[PDB]
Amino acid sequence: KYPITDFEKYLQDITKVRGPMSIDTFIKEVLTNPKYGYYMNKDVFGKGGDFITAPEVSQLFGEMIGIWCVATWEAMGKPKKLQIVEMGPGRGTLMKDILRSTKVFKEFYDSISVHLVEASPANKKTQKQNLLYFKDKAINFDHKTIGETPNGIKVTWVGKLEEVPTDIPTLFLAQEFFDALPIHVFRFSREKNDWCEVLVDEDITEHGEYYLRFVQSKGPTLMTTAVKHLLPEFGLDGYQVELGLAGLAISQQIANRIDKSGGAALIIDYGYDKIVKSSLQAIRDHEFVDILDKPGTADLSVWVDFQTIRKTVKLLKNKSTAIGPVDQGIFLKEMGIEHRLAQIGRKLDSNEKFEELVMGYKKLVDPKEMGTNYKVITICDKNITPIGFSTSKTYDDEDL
């Protein structure tokens, strides 16, 4: 029943002055608020720790993504200068594997610089410690936003995608980035015969279980109207959908960058090839808990709607398209992960470590693990056929 947290008073205050906030604003606050945000504040004080993600399972993952970067660079026409952008790099482990594994491709390696987009100073710090070669001391950690890898590759940190240079061919990597973006939640009302938005308000009822509560907008909000052409037209009463508008905006930026200067994006996450009705989850101490249970104290994740991403891109009607999704297992095998598995494994010649390597491979590709839950979609030029998407479906209805 009790008691009220510092963050729940700040969030209850927003609702008093501005009225009930969106799920989007709510998640934006819980994750990215200074000083209460789940990222930046707490669960770090070092290299995170709780980062159990695909790159952290196996160098195999990073190496396959690296082969993809090189193969895609080849299909683009071996541009002399190439940007590699990672959205939400985490510890930097994925990027570290890529830069380690792609060094042998001399021509490729000489054309690349890296741009990491990252909002958390703590994750920024971990990424830099890792990845960077420090030649002299007396580095000012935040003011100097650029550094150099031990192999001389240039890495620049930025807070938003918008700050990355434009008019240079660019690869974009987003791995467990989209599931941490804010979403809006919409619900159909027969009474209004229109969509309403689920909002977060005060809870000052008698038996108010958590201080905050899920309310519903009266009329259709700005956001409902803005996205109405992506919401199902057919609506039973109370029918409810999540939409990651933050991610759609990012998808549009990427699609347009590719349209202007060329490139390709690789978006990897757990999600569905359909609109997602309900997925927003809050985990804490290895248990699922209520989204409104001490907000800030639990990690909020979403399952990614790959379908709306794809449509949203295509709806720009320029040189970019979106191909996918395909299952992570199918993608990784199609990139040659089993060849690398046996190449790396042959070198280990320690049998207990070999089993370690295989188990991480199984986690990545086996359907009962990450193999099917995780999926891959690409944003790219219509003219340049992507690498690793031979199993992608053709969506004849959406292609006009």
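Rigid core here is just the name for the largest C-alpha set that superposes within 1.5 Å across the two forms. Shifts are known only where both forms have a C-alpha. Numbering follows the first chain given and starts at 1. First, how it differs from the form deposited in another entry.
In the core-superposed comparison between the two forms, the C-alpha atom of residue 369 has shifted by less than 2 angstroms. Superposition on the rigid core between the two forms places the CA atom of residue 136 2 Å or more away from its counterpart. Residue 360 shows a C-alpha shift below 2 Å between the two forms [criterion: core-superposed Cα displacement of 2 Å].
Comparing the shared residues between the two forms on a common core, the stretches of 3 or more consecutive C-alphas each displaced by at least 2 Å are 43-48, 136-140, listed in sequence order.
Can you swap the form deposited in one PDB entry for the form deposited in another entry?
Just this one chain is shown here; partners and other molecules are left out.
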């Protein structure tokens, strides 16, 4: 035990009036609740911005994504206006590396504007500070939703993808974004020959462990019935799956935007080319903890189901398709990262700086590091061949 937090008391109250809550609802509350959220007001973590992401590991990573943006823009017929959208830019490191490294491509750089989709006002402020040129001392970061980069590239912040202008060809970047979206969890009961949903209820049992607990819905919930067509047909008892419905909805918005106005999305994340049975994890001060251990104090994440993203896009039966996933290591090698590593290394004379650069390269591409756990998938037009996906597989059962 420990004594009951105010956020736990509040979540218990929801279960008393509304019944046990879906894991989707729980993840939204735990992250984004105004008063007790993790993503909204955590404050003062260990080290400087929480965790090791790929942009912060190497400039190599952002330069390669930059090359992908330019090559894809070329493959689209070099449109005079191109939007670049990023989902959850973090501190803005990725965007900064892209905008730095793609300045040399004059024709490309003259066509771009940037749109960052960001819900957190804290991250918004950090991104603005990281990306913008400022002419005034007093900056209120909330009335500043449009800005200019020091190279004069326009950057606009919006809360949701829906708010991004339509009818312009668009690149979409989602880097470690889908792993932080809510999921639902379902499990099959042979005792009721059907799927149940896994819910979070209050835990007042005589020797429970925490103040919340996982329960199985009595029958199928309305969500179970609504998504039955996405679940396995194989009813094995206790078989459990995670479904990233929030992410599937975003995948459809991107696919449909691309069908209408052209474009391409690059989704990079840790995950699998199959249904993910169990992956929801809670990390607090760099230690794995239980999900229901003081909720709101720990960062929740999931491993991404790339397969269901792919099938969902394909099921739209429009001009869009999804190709991949391919491993991050293979993707980046195919983009020319080894050549760039050597070029950057030759300009450096330090050896200490070169050793650091090579380790960052190894962290990105080695199979024991991020090389295989991290994967890349593209949502794009059927008729424009994607860049960096030559090793993508063919999925016969899903192409008629």
